[PDB]
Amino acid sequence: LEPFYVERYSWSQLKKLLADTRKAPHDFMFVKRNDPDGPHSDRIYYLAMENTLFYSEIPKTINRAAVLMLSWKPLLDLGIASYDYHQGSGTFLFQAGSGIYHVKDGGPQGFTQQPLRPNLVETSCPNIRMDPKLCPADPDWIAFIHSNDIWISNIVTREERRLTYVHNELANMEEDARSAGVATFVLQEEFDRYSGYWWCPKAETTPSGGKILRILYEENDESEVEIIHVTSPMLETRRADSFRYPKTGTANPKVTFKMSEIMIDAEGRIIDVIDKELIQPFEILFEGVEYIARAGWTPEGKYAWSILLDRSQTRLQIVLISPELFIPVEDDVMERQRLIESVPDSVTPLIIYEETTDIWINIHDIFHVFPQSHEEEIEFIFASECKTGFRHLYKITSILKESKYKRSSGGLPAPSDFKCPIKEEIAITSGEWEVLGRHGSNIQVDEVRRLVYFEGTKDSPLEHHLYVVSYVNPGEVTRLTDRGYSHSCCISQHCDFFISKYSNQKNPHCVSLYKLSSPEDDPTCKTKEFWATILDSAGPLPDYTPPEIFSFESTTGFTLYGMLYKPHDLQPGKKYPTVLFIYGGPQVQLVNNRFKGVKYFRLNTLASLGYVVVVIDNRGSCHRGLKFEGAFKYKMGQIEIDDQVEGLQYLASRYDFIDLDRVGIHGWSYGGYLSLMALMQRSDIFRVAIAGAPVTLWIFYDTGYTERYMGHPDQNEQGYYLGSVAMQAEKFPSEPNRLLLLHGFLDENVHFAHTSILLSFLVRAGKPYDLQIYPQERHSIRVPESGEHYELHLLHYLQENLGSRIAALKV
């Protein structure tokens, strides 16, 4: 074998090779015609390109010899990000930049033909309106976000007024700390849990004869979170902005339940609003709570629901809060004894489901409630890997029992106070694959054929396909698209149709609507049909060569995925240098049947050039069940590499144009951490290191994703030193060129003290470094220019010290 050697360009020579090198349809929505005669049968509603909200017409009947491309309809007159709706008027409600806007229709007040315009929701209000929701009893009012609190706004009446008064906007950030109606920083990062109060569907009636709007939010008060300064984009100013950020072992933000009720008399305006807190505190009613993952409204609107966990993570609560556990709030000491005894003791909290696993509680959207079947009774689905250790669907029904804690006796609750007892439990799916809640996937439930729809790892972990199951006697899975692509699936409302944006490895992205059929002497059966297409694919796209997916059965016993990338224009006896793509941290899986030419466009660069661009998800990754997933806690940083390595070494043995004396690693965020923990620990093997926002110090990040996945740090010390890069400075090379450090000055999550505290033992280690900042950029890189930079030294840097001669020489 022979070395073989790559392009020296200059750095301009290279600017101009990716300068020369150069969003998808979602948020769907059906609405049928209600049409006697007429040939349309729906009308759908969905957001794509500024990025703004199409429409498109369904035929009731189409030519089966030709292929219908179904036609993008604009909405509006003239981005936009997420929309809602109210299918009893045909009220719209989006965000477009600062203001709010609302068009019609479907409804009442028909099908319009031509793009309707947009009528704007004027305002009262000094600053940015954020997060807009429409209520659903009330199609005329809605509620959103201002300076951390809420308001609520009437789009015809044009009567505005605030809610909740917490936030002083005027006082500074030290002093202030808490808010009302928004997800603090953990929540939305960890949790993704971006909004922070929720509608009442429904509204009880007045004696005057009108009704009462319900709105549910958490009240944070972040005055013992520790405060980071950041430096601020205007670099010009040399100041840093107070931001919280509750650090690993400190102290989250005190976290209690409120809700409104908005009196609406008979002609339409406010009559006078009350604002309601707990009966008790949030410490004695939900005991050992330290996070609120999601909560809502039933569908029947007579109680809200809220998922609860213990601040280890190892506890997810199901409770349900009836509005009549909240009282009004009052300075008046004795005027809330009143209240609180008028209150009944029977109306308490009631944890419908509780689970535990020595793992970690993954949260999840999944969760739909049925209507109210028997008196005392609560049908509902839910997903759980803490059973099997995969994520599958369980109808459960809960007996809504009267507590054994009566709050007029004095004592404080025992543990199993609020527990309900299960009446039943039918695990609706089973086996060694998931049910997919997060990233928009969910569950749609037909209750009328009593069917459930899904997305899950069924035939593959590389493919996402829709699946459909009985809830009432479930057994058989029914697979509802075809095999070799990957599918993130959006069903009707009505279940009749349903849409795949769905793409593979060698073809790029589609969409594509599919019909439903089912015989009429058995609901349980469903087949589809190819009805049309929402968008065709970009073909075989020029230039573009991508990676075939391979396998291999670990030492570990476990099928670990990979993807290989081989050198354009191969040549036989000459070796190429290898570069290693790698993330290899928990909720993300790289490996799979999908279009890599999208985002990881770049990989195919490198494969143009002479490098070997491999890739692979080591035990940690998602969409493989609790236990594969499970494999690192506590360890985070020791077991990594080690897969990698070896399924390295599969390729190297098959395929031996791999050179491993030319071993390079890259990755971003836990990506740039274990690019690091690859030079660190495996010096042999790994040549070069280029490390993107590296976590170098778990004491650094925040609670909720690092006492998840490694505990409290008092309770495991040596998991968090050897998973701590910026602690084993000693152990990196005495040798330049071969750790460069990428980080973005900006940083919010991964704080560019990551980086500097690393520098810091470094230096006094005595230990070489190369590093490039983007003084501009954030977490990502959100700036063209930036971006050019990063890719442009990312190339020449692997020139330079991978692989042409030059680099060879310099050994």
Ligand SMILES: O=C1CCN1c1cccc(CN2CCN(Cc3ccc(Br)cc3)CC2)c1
Second form
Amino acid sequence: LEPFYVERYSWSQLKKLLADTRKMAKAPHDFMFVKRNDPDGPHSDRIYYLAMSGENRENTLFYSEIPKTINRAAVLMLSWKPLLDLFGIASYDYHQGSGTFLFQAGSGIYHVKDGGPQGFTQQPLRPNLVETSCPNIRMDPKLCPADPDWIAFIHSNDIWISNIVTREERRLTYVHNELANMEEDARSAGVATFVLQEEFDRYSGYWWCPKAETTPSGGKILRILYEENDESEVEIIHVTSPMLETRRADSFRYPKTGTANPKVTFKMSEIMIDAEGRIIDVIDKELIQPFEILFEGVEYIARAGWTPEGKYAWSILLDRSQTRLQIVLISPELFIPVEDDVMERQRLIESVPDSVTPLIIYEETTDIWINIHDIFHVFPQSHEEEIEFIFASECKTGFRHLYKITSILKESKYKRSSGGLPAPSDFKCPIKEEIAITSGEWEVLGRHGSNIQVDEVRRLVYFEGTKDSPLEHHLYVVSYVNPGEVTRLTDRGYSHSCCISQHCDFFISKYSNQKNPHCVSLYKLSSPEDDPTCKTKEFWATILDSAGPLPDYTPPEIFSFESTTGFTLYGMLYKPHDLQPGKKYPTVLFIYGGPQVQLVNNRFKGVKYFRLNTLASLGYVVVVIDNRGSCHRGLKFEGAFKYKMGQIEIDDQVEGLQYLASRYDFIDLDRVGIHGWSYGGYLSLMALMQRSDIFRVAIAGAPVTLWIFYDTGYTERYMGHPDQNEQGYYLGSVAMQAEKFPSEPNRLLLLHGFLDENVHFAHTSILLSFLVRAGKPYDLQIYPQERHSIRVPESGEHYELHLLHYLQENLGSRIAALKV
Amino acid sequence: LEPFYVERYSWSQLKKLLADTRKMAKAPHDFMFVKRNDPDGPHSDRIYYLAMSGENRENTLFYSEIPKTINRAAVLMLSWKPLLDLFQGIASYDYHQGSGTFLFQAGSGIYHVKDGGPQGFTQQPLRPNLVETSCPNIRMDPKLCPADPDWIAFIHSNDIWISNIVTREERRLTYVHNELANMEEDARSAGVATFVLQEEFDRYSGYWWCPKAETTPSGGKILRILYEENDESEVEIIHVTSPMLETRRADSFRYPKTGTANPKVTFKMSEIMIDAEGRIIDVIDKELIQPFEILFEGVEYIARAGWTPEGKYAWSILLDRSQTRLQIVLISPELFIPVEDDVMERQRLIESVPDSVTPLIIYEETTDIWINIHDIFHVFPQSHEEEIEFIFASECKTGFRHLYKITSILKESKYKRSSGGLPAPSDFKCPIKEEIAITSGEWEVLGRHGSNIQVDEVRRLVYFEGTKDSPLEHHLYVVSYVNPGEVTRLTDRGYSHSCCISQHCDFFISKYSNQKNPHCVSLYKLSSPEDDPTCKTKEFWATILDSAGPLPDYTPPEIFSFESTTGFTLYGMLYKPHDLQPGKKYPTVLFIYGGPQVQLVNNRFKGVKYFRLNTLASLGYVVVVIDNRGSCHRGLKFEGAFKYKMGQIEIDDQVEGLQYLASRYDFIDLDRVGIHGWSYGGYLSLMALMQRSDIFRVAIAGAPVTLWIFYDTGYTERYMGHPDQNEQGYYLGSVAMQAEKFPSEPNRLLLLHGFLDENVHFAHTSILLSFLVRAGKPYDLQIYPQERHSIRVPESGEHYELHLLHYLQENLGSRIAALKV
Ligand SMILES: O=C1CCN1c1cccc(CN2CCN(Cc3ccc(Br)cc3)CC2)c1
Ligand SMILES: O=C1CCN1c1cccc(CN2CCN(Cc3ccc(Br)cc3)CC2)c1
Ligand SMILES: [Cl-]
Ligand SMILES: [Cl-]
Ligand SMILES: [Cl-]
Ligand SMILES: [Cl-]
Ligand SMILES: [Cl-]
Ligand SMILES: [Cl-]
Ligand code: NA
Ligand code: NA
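Just the form solved without this ligand so far, so send over the form solved in complex with this ligand.
What follows is the whole complex; the chain from before opens it.
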């Protein structure tokens, strides 16, 4: 077995090779189905969606016509009709009754009507700019669902509202002064703080009440539930600003693990409008008792909203350890006006009855961790003293499943008149019913756009899941009344990302597999006459057609092996291009390995991981293995590294690498490299530190070197509080074990974005500080204008060029063998 | 000629080699002579001085006895007597002659002792006496009051305080700064030199005691302190990462970048009334009768300041922004009035001051190149009321720094303040009665880095350091200031000397060395023949610090020189490879600084600071160092070569010098030349690779200036002018704007930078990297996370030396480096 050596290209030649092979647009998303209601016309629905028409284009609203019938011999490509004519849209709001779109595009907030009482346009609409007296950028605009004339938005960390008809603009909260410095004033209203956006994927912090309360005057009362945050006690850090000419650093509140999270509470803005759209008064209201007293043990407001009738506000609440979840109904009557006069304040507390109380309709615990998701459906309230809902959970079985729950809304044992504090279980509602809708060794999905859609007429629930395979997401449907058979609606051989129409007669799937790039197709749903419970599907039309299998991309093979740990572990193998018999090639292991991610699945990897194919063309074996802790395999699989991050991941990587090495003689174990970003860069350092016998080179991108520097929401979920896991934090932090790195140079390469807000450069800078003390060699590349991503394409081109060149000169080439 | 390939040591082996070969203390300095006045005793003087006793000991005060006579057959070694006892690191000290009071800071504490005064001379170590305080924070810059040695002054939280060391009274004089408030709002200070003044003009203090006390009718006195008051509110704020990397933070400070605002400055005076028993009566803070901008037209920087010997006038040396105009100005105490926010009382105090009292610009000069500030300025005792007599040094006349005796007429000004108009530029200018050149020639007098003059007013002589015999050696000279002609050299040739003359002018001490021999310190007695007091001879008296001798692990370089095509003789240093094999050519490593205010090539011992150039020679590298045009100690025309043109002329001299050696010596392999330097040296290392990639294979740039707009006002504008008036000078001189010119070959560029550098900020490197990334160019990078323009932690220095040797090995010297292309 002779060693294969890669072609030793120059720096200029590699740049040219990369540029030639480099020669993606956002696929259609955020779908919405509006009915035509026109018996004579040829179309049943109009679908609205966001997309990028090409690579250089901006993301904008489009529409397409869904025909009542189709020529089944042919295939129908729906044409993309532009909705707007502006002189970049991330999301949009819509009001069904009026047909009013509301969206932000650049600095402006705009509105237009389509598909309401005023009909359907046949050409692009010029949008109407919403007026404002506010100087700064307006964020997070939302239509009031009870009245489409009123919008809300955030400006300088305070909630405003504006009327698009009458032009009245009113500030609702006076919590932040923009002029003063952020050290004194660190309060905000209606905005999710850093940890909740970054680690819980909640981006909004205020919620319109869906219904208006009519007054005796002839006007009405609109309500806004919102989060008020106080970040005064949260640690401040200084990250370097993008304007490098201005040699300065921007401040922001980063709650590092162990330290204080923001001080949180619920508030409610009660807005009185008169008979013809004019504001009478705005009453800001607060909880009758403090947040800490009413919600014992709660750190995080994970999710929040309203019930369909607007009777209760709801919220999903977590404790600090993220092992307890509570779903709590909060009545508007629990809020009283904000008064500083102590005599007047005491009367308002007495005016609220003792029967009005927080209602904990669901509670659960786990020894592993609670994974927050977006699934939560509340049914219409039939009985006054009951509430019925669907929720998803891993806590019963260790796999996420849908459960139909009915909770009794008791009057509480605790009485506020006595003047005491409520015990832990005083607000807990008894569970009348708890039926499992789904079950098995597979999970229902509720993240990254995956959710349920409930058909209340047919009494069905649509959902995404891993039932047929952990490598493919599929759409399913099942009854929530007499749950039993789970009917798969998507075709095997692809992994699907689905969106179901609100009318439950259509669904769209964005699908791909290892060989075929992404397609988006529309499918019509229908039942047999004899049984509404049964659901069949039929292909209706293509929205986005694939270009076909790319001629200059060879996809990998998915393999698997039975681990000594007890689990089946899956991997991807890129064989070298033009594989010579009786020769062994250098091997680059690409890794992420952290939680909430799965690299190995049946999806098209030729866009995001296109350069793994490029490595194979140069003559590298490329391997990707999903170790224990990774996503879509249940909570027991995911819980393997609890309190133990860094300690088990590389065992699975080496085990899988040795499985391939014995089964394929062309893998040269003497020249194995490892590379990854974020958690991947972390594990790449751990790989070289723990197993220098296996791994010759390690290229660590944006590595977490020191877990005390990372945030609360993430780190405490998987590693607990630093005091309760002294050893896990030490053993899991590579910066603390600098002496264990090799004394040989050309084995360690550190890559980091200089302006990184998530994984700060200090992780690298402190690692380097200890590497200097330990007398250890290292290589370093900095990307001075990057923030945990590739904003500027030149820095991405330079990264790719350097990595190929580094792997060439220190792993693959003939010179690399001579250099040792 | 075969190429020599250096031995390919591993990383662990080079660490061992450097650890073994690594196996210094401050030599005696800040000397002072005090006479015994004891006829029966054997000693004439006692010398006090600061010195480090050994390798790992603190810097502290010592004394030695100077005997009246010596055995001229023998060589006397003076023993070091410790002045101070061990406490329950002294950088400098004050002394008061009439009382014998020492004052000095040692750690946080300010201490005092007494010796050599009326109370006599100790024969054992004195216990230091702490100056007690109620101030919460570290006290800075303590100074004895020359008028009354009971009083001291110091800075605390950017304000001036005074403390009586006998009565223990303590008082704050200025209320300009608020320690509790943040620096964005409160950017004012008093008695403190700001960043640019400390870093670019070597002024470390911002307040000056008046040396005489005005007596009152009551039987008390008035003490006075002149001080600078700075307002840094409009100055650019920058954030450098704090030493504590645990808290992901950056410390703010005021950095006036080129072309932006310097601090708003003015003179103030604290009038301090003391009663008959040493108690403070009152403190009156006082300000200039008109603003600083009105009285001192065109002035940006207060370069130097102080008082005349009688305390009649305060003086100051003032520069304009371009640094092409110097002004020496006398400022009377009567120009200051008390601070009064009341509008009617303020107007009455202005009217009480006469119109005759006015600023007195006793000297002015200009230049098309630049003003180099120095510490030479000597005011004689005032004989006539309408005259002032003084010695000063300048390059403005001839282009070399020389001493000039000047007499200026103190004219009552034409401008009158009662008219209510602003003065014209020349209204405060004094006429020059006399301007006699004391020295002259194609060589300079030295007035910086400790070099100054000693003026014997009895014999009417002036001692000074200069470059008359050679630009490669510093020497002590003496000459009359009445009838200047003969310049007598006092120090011996073959060494470069650094000298301190006694206040009595009958002794001098010289710290001397040469390329072959380490540093010595020796005492020399001065005397004259009875017939001619002008004629000065010297005689070795005693050794203070004996040399360790030429240690066996260091082979020093040979000083060479070549006649350049530019018309200047350019000097250099050459380290030949150790065990030089015949018929072989070795890889070369050019070490460079090449910026202004520095000379690397001279006849001094280089085996301490540049020990590792010898280590590079031992591994088999040729090491070259060349003082290009712009460097120090060769006159102002030589220095002015790169005005507006930094980065453009320096590498021509480096390559020309390299090619001189290449023709003269066949052992220099021009195919394998490396370049390396720190600061301006790192800047030129980049420029060398950028411009002459044909000559230089590798460049190792340390803390490089990559963008001149990022560097401060005082330095950049002196050499390059204002950015607006020299757009292409700044462009051509900034490597970050010319990133496309770097090589596409990797393993040729290595950047080194201290992450916490406050002088040449890491931003220089990060913005260079920004443009290198855009241009698609390769680079190597090493950061030192806990360093700031120096090596304070030994581990970072050890890592630097290891990586540098290994980099040169793997990408220049070794056999594998040749195959790697
Ligand atoms: O911070 C910063 C600065 C850049 N960056 C950052 C951080 C996290 C993720 C990503 C995006 N991944 C980059 C790596 N990609 C695979 C890949 C393998 C081999 C080769 Br060759 C090229 C690409 C997947 C996407 C970038
Ligand atoms: O910033 C920073 C961080 C370090 N640093 C900095 C900046 C300016 C000056 C100096 C001190 N010089 C360091 C280099 N020395 C010659 C030398 C050549 C080869 C070898 Br190998 C070792 C030493 C002379 C003294 C250090
Ligand atoms: Cl079931
Ligand atoms: Cl129902
Ligand atoms: Cl000694
Ligand atoms: Cl003369
Ligand atoms: Cl005289
Ligand atoms: Cl010019
Ligand atoms: Na996110
Ligand atoms: Na200095």
